[PDB]
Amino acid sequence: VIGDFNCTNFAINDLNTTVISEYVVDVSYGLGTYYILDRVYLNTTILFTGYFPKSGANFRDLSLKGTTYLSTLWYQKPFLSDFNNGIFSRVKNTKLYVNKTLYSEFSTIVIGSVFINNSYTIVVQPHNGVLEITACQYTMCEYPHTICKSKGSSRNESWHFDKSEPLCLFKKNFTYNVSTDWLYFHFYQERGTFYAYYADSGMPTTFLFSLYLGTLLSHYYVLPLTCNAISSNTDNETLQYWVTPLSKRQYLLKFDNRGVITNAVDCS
């Protein structure tokens, strides 16, 4: 389980027939890199040490799409994952349509330790062009999940059950371009402070925020999304949420004559 609160008994089983899809990290076009502090480098190559993916390591696609039933096995290892120093995410923006109006969906991620309301859980959730980010003492469900608010779902949304508002260290919204095909994120921790970088356009990420927690984060989980759409019998659309571990690595970075990181090399 994530959490421990019994949010519902409705339509749960032990279905085993789901496996992690995997793909190979390739930073040669600047994927997995980020812009350095407030600096601009031009038409040059730099050696820099930062929280980066290992080149040639695997990404794991942790996105889960459901329709009605939830497997208990989705709420365990290998999906419930160790956070260590941090993670890099490559996220497909699943662009749906209703009456020729565009809607943007992708999986929520939660980052935490015990997921009990005596500890802070970070949550990053899309709301169709608004990225809502919070860090609160959420009463996380045993079996948390989200819904397609655009197309609808056979079950209600539930990932926490707080009746009164919980205590929060952080709560902000960031806009993102709903038309882009991919979002990139770095989430990492150093000396009890969490750091988030993202990009909605291009591959190199840029700083969103940092947050003092004092405590070590230890786990992350990508919430199942339940939808009446997003499948081969209705639209051929898919979720994808690729993650890979960060570590403190030395990279070569190449900046063009307008300060964009165009290429990188993991030196080991």
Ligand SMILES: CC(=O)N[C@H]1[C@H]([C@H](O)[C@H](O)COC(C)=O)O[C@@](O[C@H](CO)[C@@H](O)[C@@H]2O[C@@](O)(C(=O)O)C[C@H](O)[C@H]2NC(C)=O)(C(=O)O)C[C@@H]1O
Given for the second form:
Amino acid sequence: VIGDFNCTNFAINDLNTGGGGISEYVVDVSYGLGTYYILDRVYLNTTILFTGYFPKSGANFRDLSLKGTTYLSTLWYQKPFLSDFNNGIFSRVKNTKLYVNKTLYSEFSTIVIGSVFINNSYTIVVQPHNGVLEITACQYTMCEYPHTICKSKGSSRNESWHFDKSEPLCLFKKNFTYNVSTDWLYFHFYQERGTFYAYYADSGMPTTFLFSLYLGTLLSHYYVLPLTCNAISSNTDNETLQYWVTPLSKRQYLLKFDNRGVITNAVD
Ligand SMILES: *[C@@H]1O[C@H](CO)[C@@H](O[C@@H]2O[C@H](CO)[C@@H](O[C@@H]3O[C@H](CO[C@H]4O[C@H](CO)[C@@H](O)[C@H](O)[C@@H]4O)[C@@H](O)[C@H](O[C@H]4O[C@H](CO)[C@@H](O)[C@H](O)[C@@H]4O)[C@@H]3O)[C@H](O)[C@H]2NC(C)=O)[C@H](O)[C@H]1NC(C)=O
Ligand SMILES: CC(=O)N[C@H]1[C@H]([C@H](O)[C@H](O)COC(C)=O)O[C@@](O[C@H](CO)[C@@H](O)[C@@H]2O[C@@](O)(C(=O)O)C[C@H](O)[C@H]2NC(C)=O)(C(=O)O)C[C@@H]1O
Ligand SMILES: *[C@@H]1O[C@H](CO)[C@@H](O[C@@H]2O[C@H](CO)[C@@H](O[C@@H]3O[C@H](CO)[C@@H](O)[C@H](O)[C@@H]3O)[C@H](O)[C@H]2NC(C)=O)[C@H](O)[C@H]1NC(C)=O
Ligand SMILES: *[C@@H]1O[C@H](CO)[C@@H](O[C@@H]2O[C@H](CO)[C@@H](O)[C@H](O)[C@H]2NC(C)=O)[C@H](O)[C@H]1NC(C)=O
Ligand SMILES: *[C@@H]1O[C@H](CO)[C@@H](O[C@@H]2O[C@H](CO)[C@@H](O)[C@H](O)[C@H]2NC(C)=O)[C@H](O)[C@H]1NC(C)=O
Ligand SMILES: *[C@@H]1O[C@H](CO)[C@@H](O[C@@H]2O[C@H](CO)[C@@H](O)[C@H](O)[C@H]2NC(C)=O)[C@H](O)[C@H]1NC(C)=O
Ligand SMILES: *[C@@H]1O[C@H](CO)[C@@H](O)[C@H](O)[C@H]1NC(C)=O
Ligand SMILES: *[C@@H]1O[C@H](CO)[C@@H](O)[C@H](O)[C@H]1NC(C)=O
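For comparison with the form deposited without the ligand, provide the form solved in complex with the ligand.
Complete assembly follows, chain above in first position.
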């Protein structure tokens, strides 16, 4: 289980849907994937050695996205999906572009980051709402079996990942825009000295700083929430979710900057 609040018992079962296991893909930073822009600095037409929170090159990404329809498997709310946060993670996220009456809509998995997922501790949550990325850090009463929905196409169940009837205490609450038309989003989430840090990019590969947040407590787990939808499958539209993650660590990279300050290449 993620939290411990019994939000519902509707359509829960124990089926091992991952008969083929967690899907994997290989980290390759040679085109600037996994890198981020350094503070407020600009470098031009040059190569820098820099030490930062980066992926290991030639490590695996894991796809932790989980599309459901009606039933939720209890096995989705355990290891290997519930994952140790350590120093941090890098995410490569497919923007699942759907259509209704030729209008475009953007969906992708919510991620939660925390320690015990109980309302006496802060949980960070990052959730898309069709071009608005809502980010919060609050004492959420997380469910046992949290999940989200396709607000665009609809779902066979209502949304529930927390159960707070009155607004919980929050250290942070902001919205950030993202371009609904791009195919990928990239994120770094990491912690140093009890402060959480977030970088993203919705265009290109090198990420840029969103925010930082003092927690005063070590984060220790993260989890990518299942998404339930009447769309997003081979019998209806051949679309897919993907939410690739890999661990960060303190590493030295060569970074190459072009003559307009974009990071074009890197070496581990
Ligand atoms: C912070 O997070 C914690 C969890 O970590 C929350 O604690 C839980 O709070 C709920 C709500 O108060 C407790 O709910 C339990 O409900 C049982 C009945 O549930 C059914 O019926 C009710 C209507 O009566 C429906 O609302 C519900 O949806 C279900 O259909 C009760 O039986 C439970 O009673 C317990 O105590 C009696 C003795 O007094 C025993 O006989 C019972 O067997 C049982 O042990 C209870 O009322 C839930 O139990 C709480 N869990 C824990 C671990 O404490 C906090 O509420 C939350 N804080 C804030 C501010 O939101
Ligand atoms: C994490 C994972 O494994 N995710 C897959 C999902 C689950 O394994 C399954 O949900 C588990 O179920 C449990 C735990 O009991 O199966 C999906 O594929 C289904 C067939 O496997 C799909 O075709 C559905 O077929 C139906 O016969 C039915 O109900 O399963 C009718 C329903 O309308 C239709 N869904 C639609 C229209 O999207 C799906 O989607 O649900 C593809 C997802 O990638
Ligand atoms: C950040 O972005 C989110 C997502 O867009 C904003 O949340 C949404 O805010 C609106 C306005 O408060 C909510 O609409 C209201 O909902 C109630 C309940 O259904 C209804 O009675 C009102 O008439 C009105 O429609 C909306 O529900 C809410 N959530 C979602 C998923 O859209 C949020 O306001 C933005 N700002 C901040 C600082 O978070
Ligand atoms: C979790 O909460 C659900 C309700 O959302 C509980 O299910 C009810 O259990 C009582 C036990 O007396 C039954 O009379 C009801 O018919 C059940 N359903 C509903 C809709 O209330 C469930 O027992 C709780 N606990 C667990 C471990 O699932
Ligand atoms: C960017 O740096 C490169 C590499 O130093 C520069 O390329 C050289 O440019 C000179 C002419 O100024 C040529 O004679 C060399 O043959 C080039 N070397 C290579 C490896 O291509 C480039 O001029 C710089 N551009 C800017 C705008 O700073
Ligand atoms: C939002 O994302 C789309 C897709 O990446 C961007 O569209 C591209 O824009 C450039 C010019 O800036 C064109 O050369 C490409 O041909 C466009 N691609 C497609 C598929 O249309 C769009 O510019 C982005 N807009 C913002 C405001 O970020
Ligand atoms: C969804 O919410 C509506 C309105 O509260 C309720 O009538 C319905 O039973 C709920 N369905 C599920 C599966 O939670
Ligand atoms: C999904 O793709 C397969 C392979 O091309 C095809 O057989 C199937 O009919 C497609 N279904 C839809 C809804 O596009």
